[PDB]
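Okay, here we've got a single chain as structure tokens, the form solved without 4-oxidanylbenzenesulfonamide, with questions on binding and movement later.
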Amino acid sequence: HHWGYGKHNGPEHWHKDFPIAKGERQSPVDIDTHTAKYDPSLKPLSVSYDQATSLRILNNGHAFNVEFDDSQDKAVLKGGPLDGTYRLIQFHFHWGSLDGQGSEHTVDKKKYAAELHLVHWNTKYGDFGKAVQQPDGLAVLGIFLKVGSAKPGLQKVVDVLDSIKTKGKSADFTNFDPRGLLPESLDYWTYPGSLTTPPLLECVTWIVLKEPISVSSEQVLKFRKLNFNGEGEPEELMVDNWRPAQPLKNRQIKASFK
């Protein structure tokens, strides 16, 4: 029926409805640190989120998205391996039922508790819908979460979750600053890949940060309280909404550091 992360509609079945699932540039992937090529030509990332305007948070049935106003160059990413300006449209997470799983990308086969995705689209394409149809249409910043100390800047997010518990619920969510979710270092790995949920379009330049951010056990615990189902439907906790690593194929992972 429709795709999800259960046994009957999970990642292993997606190819039946979205054949690109077995494509040449699918994500996520395992990052082999000893095979990644340091590339001295990659520039430092430029994250300008001081003018970021958050608008709302929504449970879409597969994760929760925080959405931003992308009608102007308010929150942008540039530099790194990118040409042009990429505007932030939304962020969301992937997480596990247990602390030893949850991330999509892995590092030398290590899985983290969760993975944050900051999605941006290439302004030359005019809108999100056109950007996904192009090989360089999106730039996703991925950040790993490990469980340790609480992340103060994530608390406002944790606290509104009760109000968007089931699929299709939304809540006003203004004045959230995404700078509070960045690690100290912007060192990264980069490779050409795809969206990690259907339609799995291969339109993404991934920028994966080397340094994880820490969140407390209690913080991640609140994520696991969301539901995949809509209100008044049988309860299915939103856990394990991650796609496993895909074959690298003909691709090189480049590192911005040594």
Given for the second form:
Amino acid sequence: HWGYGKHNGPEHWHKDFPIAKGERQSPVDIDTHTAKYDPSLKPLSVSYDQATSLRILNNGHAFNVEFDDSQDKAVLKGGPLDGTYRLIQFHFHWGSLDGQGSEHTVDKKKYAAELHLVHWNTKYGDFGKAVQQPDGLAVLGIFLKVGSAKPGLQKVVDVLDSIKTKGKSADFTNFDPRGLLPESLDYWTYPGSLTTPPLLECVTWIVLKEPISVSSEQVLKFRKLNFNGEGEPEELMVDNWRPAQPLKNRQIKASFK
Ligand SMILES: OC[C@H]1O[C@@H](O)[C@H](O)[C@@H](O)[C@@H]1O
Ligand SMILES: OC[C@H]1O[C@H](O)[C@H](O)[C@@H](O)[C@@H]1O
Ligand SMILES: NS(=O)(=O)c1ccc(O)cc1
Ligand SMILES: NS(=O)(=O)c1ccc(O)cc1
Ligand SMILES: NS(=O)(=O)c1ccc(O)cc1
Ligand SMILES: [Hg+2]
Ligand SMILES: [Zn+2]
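Can you switch from the form solved without 4-oxidanylbenzenesulfonamide and show the form solved in complex with 4-oxidanylbenzenesulfonamide instead?
All chains and molecules follow, beginning with the one already shown.
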């Protein structure tokens, strides 16, 4: 199975997922000097007031907080997007050390972690059909740096001891994802892919410029999770990030002058 070890990590994925060498792979380095302000971008609308979180799952490569996506509640509209994209799950990627962990980089700088809020385009009816489309998904990416604690992350941190190993889940109702956002919605956007197998080229990426701050204690609890299942040799869930991929024939647009 694919993973993040020496023997099954990002450099191996292309053997079972040849799109790994494709024309619009993610993540990428965001060269802030080359990114261009785009006046055609409409205002971005993150509308999470009616979000319904359900469950948190250790899937063996990260943990996902899952949402009710059976109707428009938590949605993402505007910016580069045509129509309405519904929140289905969020998850993070993080490092073994604070100096790495993000997937996107900013002028080559790696953050300690990166949050991905995953949305699917409602015109395609559900997530599975959306990932057959070049505009099926929108992922809102948010960098994490280590400093002050993020109060809106603490409920997540505290449940991780109940989902230590692959295949474990827990109830995670009444969680407000608005508590994970920075103040500013300034962003960069480009067309890309899922960053994990199957690496499908279906994503409009919207990467916020302002990081959130989380405490060292918060990210240390991410690093106590396990890639393995219960009863198997313990392999800490760390360094579950894909490195930056070639930009190829793409431009990164900025929402801000
Ligand atoms: O031909 C000029 C155009 O080139 C494109 O590559 C840029 O994205 C546009 O912003 C620019 O107006
Ligand atoms: O909001 C997410 C979760 O936060 C805390 O763990 C609460 O104790 C739990 O009831 C809730 O489901
Ligand atoms: N191409 S892959 O990363 O999914 C992979 C790599 C090694 C392996 O033994 C099985 C799968
Ligand atoms: N009652 S509370 O929302 O302040 C709370 C609950 C659980 C938790 O791990 C952190 C905070
Ligand atoms: N890491 S990611 O946000 O690009 C992502 C989102 C959904 C998914 O099924 C696989 C990967
Ligand atoms: Hg997995
Ligand atoms: Zn991700």
